Amino acid sequence: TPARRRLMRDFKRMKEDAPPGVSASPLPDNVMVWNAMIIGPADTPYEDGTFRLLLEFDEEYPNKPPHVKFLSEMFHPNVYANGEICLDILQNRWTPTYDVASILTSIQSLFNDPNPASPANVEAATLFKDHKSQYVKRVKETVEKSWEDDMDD
Amino acid sequence: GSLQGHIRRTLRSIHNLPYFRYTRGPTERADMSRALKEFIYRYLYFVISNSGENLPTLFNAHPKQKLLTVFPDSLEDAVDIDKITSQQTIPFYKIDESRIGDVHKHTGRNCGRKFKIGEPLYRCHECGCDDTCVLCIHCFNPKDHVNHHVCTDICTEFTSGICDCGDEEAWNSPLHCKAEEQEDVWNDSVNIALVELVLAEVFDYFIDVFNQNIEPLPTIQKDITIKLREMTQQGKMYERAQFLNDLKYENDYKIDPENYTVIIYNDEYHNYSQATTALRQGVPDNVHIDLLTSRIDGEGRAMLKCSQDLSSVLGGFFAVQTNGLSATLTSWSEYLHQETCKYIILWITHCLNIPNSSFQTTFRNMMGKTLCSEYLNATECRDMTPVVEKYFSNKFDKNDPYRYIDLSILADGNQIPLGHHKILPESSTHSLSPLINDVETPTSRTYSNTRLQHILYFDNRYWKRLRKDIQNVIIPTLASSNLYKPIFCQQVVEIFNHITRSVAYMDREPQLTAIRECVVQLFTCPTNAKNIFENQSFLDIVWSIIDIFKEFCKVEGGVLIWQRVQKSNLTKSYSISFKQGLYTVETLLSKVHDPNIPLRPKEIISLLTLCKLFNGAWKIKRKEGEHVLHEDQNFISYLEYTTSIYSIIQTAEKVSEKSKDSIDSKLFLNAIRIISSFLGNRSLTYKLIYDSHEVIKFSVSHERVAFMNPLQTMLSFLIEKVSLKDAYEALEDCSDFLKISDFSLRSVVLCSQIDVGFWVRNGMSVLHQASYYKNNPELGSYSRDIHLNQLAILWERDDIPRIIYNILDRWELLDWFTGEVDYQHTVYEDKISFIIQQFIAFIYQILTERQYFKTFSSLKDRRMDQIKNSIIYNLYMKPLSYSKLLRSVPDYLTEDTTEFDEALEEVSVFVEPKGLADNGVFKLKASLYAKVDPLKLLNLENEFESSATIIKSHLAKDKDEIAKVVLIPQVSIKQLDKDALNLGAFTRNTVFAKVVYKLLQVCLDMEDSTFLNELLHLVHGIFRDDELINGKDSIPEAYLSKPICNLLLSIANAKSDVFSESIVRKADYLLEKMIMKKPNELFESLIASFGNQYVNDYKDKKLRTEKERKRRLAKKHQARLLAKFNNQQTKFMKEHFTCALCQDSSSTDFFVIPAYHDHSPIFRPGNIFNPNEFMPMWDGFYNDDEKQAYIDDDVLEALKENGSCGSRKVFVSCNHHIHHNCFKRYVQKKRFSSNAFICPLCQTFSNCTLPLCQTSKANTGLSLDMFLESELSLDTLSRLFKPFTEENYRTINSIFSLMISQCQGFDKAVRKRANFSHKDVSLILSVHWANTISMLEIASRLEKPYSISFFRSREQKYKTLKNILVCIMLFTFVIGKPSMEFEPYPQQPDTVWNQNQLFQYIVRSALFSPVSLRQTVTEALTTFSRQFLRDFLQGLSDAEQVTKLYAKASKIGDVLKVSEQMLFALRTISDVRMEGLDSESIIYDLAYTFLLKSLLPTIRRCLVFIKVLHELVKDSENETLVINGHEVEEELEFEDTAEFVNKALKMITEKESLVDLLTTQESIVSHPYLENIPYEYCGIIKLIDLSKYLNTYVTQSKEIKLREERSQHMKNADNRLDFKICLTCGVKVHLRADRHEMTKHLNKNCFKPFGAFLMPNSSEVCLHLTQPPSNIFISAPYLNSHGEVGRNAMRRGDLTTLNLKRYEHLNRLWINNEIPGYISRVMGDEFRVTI
Amino acid sequence: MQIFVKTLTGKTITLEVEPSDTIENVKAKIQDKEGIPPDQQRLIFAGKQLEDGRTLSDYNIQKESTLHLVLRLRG
Amino acid sequence: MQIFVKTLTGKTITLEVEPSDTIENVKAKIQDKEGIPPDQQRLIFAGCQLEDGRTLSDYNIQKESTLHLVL
Ligand SMILES: [Zn+2]
Ligand SMILES: [Zn+2]
Ligand SMILES: [Zn+2]
Ligand SMILES: [Zn+2]
Ligand SMILES: [Zn+2]
Ligand SMILES: [Zn+2]
Ligand SMILES: [Zn+2]
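So the protein sequences, as listed, match chains F, D, L and G.
UniProt numbering puts the first residue of the first sequence at 3, with every later residue one more than the last.
Numbered per UniProt numbering, the second sequence spans residues 9 to 75, 80 to 194, 211 to 281, 305 to 1155, 1163 to 1194, 1218 to 1812.
UniProt numbering puts the first residue of the third sequence at 1, with every later residue one more than the last.
UniProt numbering puts the first residue of the fourth sequence at 1, with every later residue one more than the last.
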């Protein structure tokens, strides 16, 4: 299966060189599913915030981008209330060369500046555009929750 | 003498002639009208000249079409019509030639030159006394305004005006006309008397004929139609005929009448469709009546039918009622006289264009004198009043003094009727009545009653064309006439009310009124305004406008309130009426000489009467329940008119400030008393909450509330202008200031209520209104309301608690504060926290800004401080460009551009732009960060924490102290009034202390931090104010009795999670500051409720971050989780070219790479003996401004050929590999044509494709060594290709055949040439490859290190070259070489096929002939050198000019010296016997330099060939190119001229030096491309040399000399500034607003495929690609004085210098043929519609 | 002054970029080395995006730094 | 729970729709109140298309909110 080899050399790339603040690993029984880590950048409101990610991969990974869902509480304008960050240009007719590390770095970059156009959490978008108090406070408390959420899987 | 009688007899007999007697069809109107025009022109020009002999002094004696005399023989010779209709006479009067240079010399008198379409207007923003003073081209002197803001504007259709040169009052500084920088026959008494007589007779005839033209009057046309109907059904035709004869024009010089016609009139009631339907219903007989008749109505009036018998026409005349078009019935003689007057007006306009200066200065003066002289002939001329009296007695009231003007009719005896004059009595000026102030109406007035007054009064009777002509001939002539300007002003003022009433109530097309032009060209003058104010006529104007307004008034709440127009106004006259009246008031006030004049009792009461109607006229109610279905639109008119009034007040303030003399304080006190009394006369519901506290009852969420309250704004202004004590004294004794301040506070409360989105149930219109109330463009309404509230608080020293209860009541917070309702269930529901945030901001604003109570040295300093504060509060968020900064700052602050620029320079520091398309930004100075208070009024738009954190970051010494620093509140008492120091009284009161305590307690209990930061900042400000008032270590006792310190301690000793660090740090700072002030009285309070051990531990807690433990545990958690991830990865691993669609498939399908294949404009021949072409060495890019843009004929033909001839095409590509099958699927699915498409990766335009083979150097020993020393046979390199397959081979055949067939990039000439087969494609492909290499070299010329420039930064270009080489090699190997049997480009003895034929032969020999490259280069170079030496030595125009040519070259640069061995070699090659000097080394040196410079491009292209050869044979990715054991970059970096040439010869040629090469014998080979080698351009190839400043192309277009394009080079093309500039060729292209905006310059006279045009007006360069119709606009490489680019740079007329780097980037984009790619990439998805 | 840049797949791009150079010019060098259009590229340093109008020194870029390329996520 | 929906013309409709409802249910309510074909319309929230499968709470839409409705 071409998708299996795709994930295999993605894992090789991760094991060799991992982008700063990003880490991932698949599961033995099903390599299709993944567990991913993201650290909020230094100057962002998400400083030192570690947030888990879950990536259920469709069988035709080259044709269809993986279905991605956050495993921790997130308050971001581009992140749905279910934690399902949505990707819709990765499935276009001509997609650029991408791997899981690339999309994880894209999410990490998005964590600094949101995309007000086409938002996912409408209240988060309105809170970011003006009245930043509740936005920054909610980001800080989500960082606290993500820190507190000790996982034992 | 007899001249007057003769003129009258001739003019009053036009219908008496038999030619005009009978009515004719529409096609016979045209020739009859031409005959009338010619006859009138001829007759009047004959008469105006003395006996008809003075014409040659005016017009050309012998014009064209001579062979029937030029001028009329006598009076009878000019009056006859047999000659005119026979087309025998000639239009001598026409002066439409090229000699008309509008040369007008004036001294003091105004230029008065009307502006044609496309002419510039030079509105200097500093010399002009106002914004209306313009200048014309011939009157503009650029020397006067070095370093000014000259906003150049292009005249349009709707823009009509005159120049103002020589008007000393209109310019702040004296100016010099450009003309001044460089036997009389019309001055005798007889001629001036004669012209006066002619003009007087003309105007008297005009007034006489139109005085009886009551038929098209809007007030009467209706009952004319009704009465004519009545007599046509009741069948009594005798009185119908009597009525028609009465209405008919009359002069003293069956039964139904005849020679009648029907005329309709234009209007704005209907569009084209309804008018056409009405015409079609009117008379079906009129052919094409829906087509021909409709457009004539578009210009004035038209005639739809005409016949002798009235019965037929009358039946069709009743089309008036069908659609309401104002159609009238008129006699043929009356129409003839009306047309005669129209042509008379045309003649008078034409007479103003005669070049004779003396004739003009006499004609204008006499015409003005006749216009302004008293109108006699009133008695003799027919009085029209008896007719309207007799036929319409019902509408004519006998006793009414306004019986006449209500019908737009003169008075008995032909006098101006009585206007609705209203003078107010002094006894009614004591107070401002709630309704209209009482006035008296005089019943007698003594008008001058002159010709001009009659003409202006008849303005409602004319048609559009005749109207516009009359204004254009009268208004500019009289207004510019310095002798008759004041007289014109008086005459139009005396009749102002009649004009205003006409344009308001009785006018068919109000927008064409003359009053707008009258006010614009008259009232905008200090002398006229001063004269108006000296009389009471200004009061008459104001009261006329007030009478216009009062018809739509309404009564609401005891006052008179304006209302939106709801009556039927299909003519829309009322909108124009209001706009014109308000503009007139504002203009007249703007130019008041004495600032006291508007404040005088009569003037002030009239102005306040005008402004009162709009005081709180607009009311909104908070919609609740269901959202409004449709957004309200009613507010627009209220916005407009209240903006006009606000501008009125601001203009009054401006004229008060600018005038040196001050204003008497008594006038200010009287104004304050009047306005305060009127506003206290309001009725307001009252209520009591406690026993002895009484406040107004008003629920903002339920009841109507108004944003704009101009009267309170005026009151705030007037109070500010005087002392506080004097303002209090001027207040009425029996008055309550809360009554007048509660409306301002209501506005503030409503704004803060809608800010938090409480009024979302109303439409977006209410939000638009609210945002308009904030930062209002014309005036600071919000700040004035805050000032009024501050005054109300400051002037209640007896019942301070009442103020706080009232203030907090309107916010609807009193229910919560008193405990009536809980905090959560206030009327605001969950939005209570935001409302409280706004409330705290409002209180802080009340306390902090004491600007209105300060006393500055001058009003200029006050304005400067306002500007500085606005800039500071607009900049500190982030650095911003000049345009955005101007956009943010309120409009009334930016008008004084010099002051704004000075303040901006003082406040911020300029940050230069870094990129190539970015604006220069301004960064606020760090030292000014300490002066920013993030809660003051100016920061209203932003939030609080964000501004706080930004200021903290800019104020923290490091990232550690981002949240550990506090913002000192900005409260001060510097330069403050004595009575203003007590603003802290309401804060230091017990009630407000309880309010603060309750707010803090609810914040702790509910744990909401939304308003906590604002509240802490407010408490800090209160403490700072108390310290400033009382002194050191002072604390307000109010916060001591109520223990707030416990609440602050609870804030401080939180869990660091309920509140952020900024809240916690601020609270502890407040505790420490107040505890340090007095610890004993304060430590007792803490232990009273929190015990003792908290307090004792607090001191231990003090003097010893918290998150350091948090950060450490976060880091430990990170380490644990990353270790877990690594363990999971380890256990998982222990458990176990790029396509566009076929990823990892490794398919053998060939990767076809999209490419662009099109001509280039960079190929041009270089004429020999040209020092500018070969001498100057190139140190990279440059630009010489001193030489004007210019093109030579041969070069222009070269560009045209390059556009046309296909032998100059070049391949450029993006190198994006794509499968052939995937490419076919892309073509089919996306439906792009195979001919032209866009790359599916970069979206770049592409037309041709070329595949890449799987190259490899395995199992071979190829290198550059045997390429130089052995054969370069194309097969000896094709051996690199891998072995192929039969399927692969046939696939290659198929793909190459389809590419050959389907690609049009291949030249049609060689396609149709004889013996052309598929094997000949290799030759033309190699030609295109050599052309691409030449393009690369030409582009590389622009870089500083030209020796090795082509090597660096051309990786993509080198990839394209390698791709092309591999593709052509694959084609040749698969198909086969053609053995060079066929020549694609024959060596014709008349045409040059390629400009790089030398390198073309080099390529042909190297690739095709299996011979060594090092010998082919020597052969080509030797042959070219021999040809060039023969041409240069045997050339002419130098034998006696060698000395001057050498001197010119030495002026350009340095000529190399030839050594004796080189002397001998050059002499051996060829010697000349023309050497007549002692030492002939000069010609040899010149030949040496010329040959070296000519050969250098070929040498560099050969090096590029070697480079691509190495790249094709490179061992490793990082392998430096080496030749004969030397690195090319190392051995050529610091090599110049002859040394560089010799080193290159050693590197690439089998020879060793230039001398050694010359020593080689004359080997002759008959290659087609070596015979008569063409010479190409040597110097730098680039775009034109633009001027240093773009202002030159606009300001000094007359001075600059530029080549022009003859296409449509007419119609004042020598002065219009609509042109573009072609950067490719320098040919200026005029835009005449026709034929696709003149895109024809691409199709001819320039390079066709693409070009770049510069627009100086918009300061943006446009790029056009002709294959589609597409084009784009990008910022021109010009950088404004204040860092700006694009269209924003040229606006405001700033100096616009040239940025070299941006222009070099543009040149590099153009040269490399990236312009089509750039254009394709810019649109993106938009470019798809082209294909 | 030398920096490294890793593309979307992971291929390292070697660049020599002046400290005062702009990010737009950096993307121009990226497309020169590879061919991905500059408007299709976003650079991230330490997880934060880079804007065109600021230099490399203003973003705290040292010798042999690593700058990444990311996707768009316009959805 | 009231949210305002702005149509193409400019008219606005208020809906008392619970957050637990679906976007398709919002379209059904709009059709029931105005007789507009839900298939043609595409409710978009501040530049983001709304999926009929997801609920209002999934997009976290609450209290007053303006939802432009484009046919
Ligand atoms: Zn000036
Ligand atoms: Zn002049
Ligand atoms: Zn002039
Ligand atoms: Zn493929
Ligand atoms: Zn491409
Ligand atoms: Zn041109
Ligand atoms: Zn300026």
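Worth double-checking, as some hints may not be accurate.
Taking beta-carbon pairs under 10 Å as the criterion, some of the chain F residues facing chain D (in silico) [to be verified]: (1) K14; (2) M39; (3) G51; (4) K66; (5) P68; (6) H69; (7) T99; (8) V138.
What the hints contain is simulated information worked out from the structure, not anything from laboratory work.
By construction, the Cβ of each residue, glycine as well, lies at the ideal position given by its N, Cα and C atoms.
Hint-by-hint comparison with the structure:
1. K14: holds (9 Å)
2. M39: Holds. Min distance 6 Å.
3. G51: This interface hint holds because 8 Å falls under the 10 Å limit.
4. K66: violated (13 Å)
5. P68: Violated, about 16 Å.
6. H69: violated (20 Å)
7. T99: holds (7 Å)
8. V138: holds (7 Å)
Comparing the model with each earlier hint shows violations of hints 4, 5 and 6; every other hint is respected.
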